[PDB]
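Before any questions on how it binds or moves, here is one chain, the form solved without erythromycin A (ERY), in structure tokens.
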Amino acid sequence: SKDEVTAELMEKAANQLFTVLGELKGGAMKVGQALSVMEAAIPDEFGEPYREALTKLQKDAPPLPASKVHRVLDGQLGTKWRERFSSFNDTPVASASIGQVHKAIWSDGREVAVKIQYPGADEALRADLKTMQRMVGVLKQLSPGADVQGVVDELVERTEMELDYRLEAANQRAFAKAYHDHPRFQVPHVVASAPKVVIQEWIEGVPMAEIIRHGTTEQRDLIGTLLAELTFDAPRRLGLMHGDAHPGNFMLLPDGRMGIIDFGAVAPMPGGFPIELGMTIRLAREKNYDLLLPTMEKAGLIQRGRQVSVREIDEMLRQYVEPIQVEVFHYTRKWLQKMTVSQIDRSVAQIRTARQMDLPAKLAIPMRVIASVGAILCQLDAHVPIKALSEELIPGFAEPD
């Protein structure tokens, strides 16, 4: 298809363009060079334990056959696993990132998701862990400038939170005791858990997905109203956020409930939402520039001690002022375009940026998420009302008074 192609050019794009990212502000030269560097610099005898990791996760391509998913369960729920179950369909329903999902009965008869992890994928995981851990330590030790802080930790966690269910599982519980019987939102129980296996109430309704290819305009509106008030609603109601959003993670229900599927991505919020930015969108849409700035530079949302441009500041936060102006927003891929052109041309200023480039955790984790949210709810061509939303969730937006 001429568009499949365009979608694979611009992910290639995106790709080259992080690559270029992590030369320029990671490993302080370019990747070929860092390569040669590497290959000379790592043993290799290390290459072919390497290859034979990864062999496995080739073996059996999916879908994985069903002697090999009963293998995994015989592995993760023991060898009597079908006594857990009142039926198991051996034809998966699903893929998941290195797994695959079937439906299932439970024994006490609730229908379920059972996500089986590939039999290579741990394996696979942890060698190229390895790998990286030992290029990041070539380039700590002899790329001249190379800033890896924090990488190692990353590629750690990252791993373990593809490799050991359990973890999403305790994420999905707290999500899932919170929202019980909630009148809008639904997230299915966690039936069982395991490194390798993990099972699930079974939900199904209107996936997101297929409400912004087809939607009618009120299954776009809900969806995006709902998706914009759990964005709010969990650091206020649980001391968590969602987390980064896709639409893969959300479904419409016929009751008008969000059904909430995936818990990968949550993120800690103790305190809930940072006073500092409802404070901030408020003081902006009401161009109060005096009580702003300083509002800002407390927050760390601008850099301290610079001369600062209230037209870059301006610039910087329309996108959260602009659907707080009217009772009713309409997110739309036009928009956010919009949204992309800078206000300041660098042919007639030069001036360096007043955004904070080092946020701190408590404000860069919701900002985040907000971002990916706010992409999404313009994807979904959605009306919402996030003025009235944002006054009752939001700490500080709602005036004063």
The other form holds:
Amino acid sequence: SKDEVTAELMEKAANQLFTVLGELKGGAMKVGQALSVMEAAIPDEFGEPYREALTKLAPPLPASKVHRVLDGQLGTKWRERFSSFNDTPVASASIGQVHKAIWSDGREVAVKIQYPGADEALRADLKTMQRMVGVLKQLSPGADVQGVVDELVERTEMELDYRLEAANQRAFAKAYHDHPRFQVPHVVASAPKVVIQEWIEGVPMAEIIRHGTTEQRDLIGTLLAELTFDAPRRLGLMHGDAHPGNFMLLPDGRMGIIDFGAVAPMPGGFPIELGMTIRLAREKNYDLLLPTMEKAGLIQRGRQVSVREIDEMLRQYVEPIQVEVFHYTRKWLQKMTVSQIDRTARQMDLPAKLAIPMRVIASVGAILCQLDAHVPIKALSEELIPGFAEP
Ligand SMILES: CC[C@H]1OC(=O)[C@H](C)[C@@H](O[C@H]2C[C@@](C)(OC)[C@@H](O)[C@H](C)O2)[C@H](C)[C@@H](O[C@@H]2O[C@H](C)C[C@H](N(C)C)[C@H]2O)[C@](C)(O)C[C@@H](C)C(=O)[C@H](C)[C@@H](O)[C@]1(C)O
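May I ask for the structure of the form deposited with erythromycin A (ERY) bound now, the form solved without erythromycin A (ERY) having been displayed?
After this comes the whole thing, all chains and molecules, with the earlier chain placed first.
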């Protein structure tokens, strides 16, 4: 059990690192020091009316409560929209359960049910943290807390209102209806705490990472990379930071996509500067590269820039397209974390239209390395990514 003990030690070191980052770049003080201030700056009358909301949430939900939630979101005659309903959950959600059933039209549908006391527990949890943001802003000198409230409010309701996630899925269901390579389940019914979609199943990407075949890894890895670039060009949207649980390989060779609670807006499609930057980076055209990256916002305006660092900055994007079929390995990813610079020209505040895809691409690239997949990324880039193909 000793490797999973490393996993817990790895998660704990990673989570405390982000706490330190939060202290230095956010609250401008330690978590211990801040907790002291918040204890006094926040009344005890607000301390526990919050407490009671969290106790309502034994681990799997009893069937009587599943009906109860269904009695609310779908109503009195919710069993008349189903042909049958399995009271035993097939999976677990973040704050709910997933039930397999049969719709009235004969289709197999997957039904997600949110726990009864999760709405109050999370909304209260929002107000408390929102209250703490006020404390830091008013009492902690030199604290950066912009948009932190906006972030938390958006995250919360995306978790509490299933209609928002379902709306995103309906968007991908139309653009990728009848598609040769991608299958997105249609949304049958949507409610604040109940969402119903078509049932699909295959080989989970997680199962492929563990002990999948070489061909399985390459295939679903190629499809994942294609989805990253095709979605913004076709749908004006980008599927957010991807977790292996969101994807599966269908028997016919297609990739299944089941989660859309992370969709980010890309109205004007994929930016032209990104593909153009990588193109100039590969051809070593530093003469046209640096002014381009400056205009785009990859590097800071009016600052001395090292070519040596530019190469480190883009090599995770350039090296894959320097061949026809790149082999995304973990060993390669380890080499990317090695700097020839020994103790900043980067832009630590990228514009939104560049920040969104680059984060997604980075997360996708990490998954491809866990897959040990062979991906024709060079071809995909020429076809889908604007500016990358030579004019
Ligand atoms: C892709 C990578 C991730 O998105 C980002 O990091 C970009 C950089 C933010 O935009 C940035 C940049 C910008 C300008 O939004 C475009 C800004 O308004 C917000 C606060 O932060 C996003 C998308 C924000 O959304 C936006 O939040 C707004 C409050 C409302 C907006 N909506 C009306 C469209 C909504 O899309 C927000 C809060 O992170 C969404 C929450 C739910 C997430 O955690 C989502 C699911 C992320 O995992 C993500 C989408 O993968």
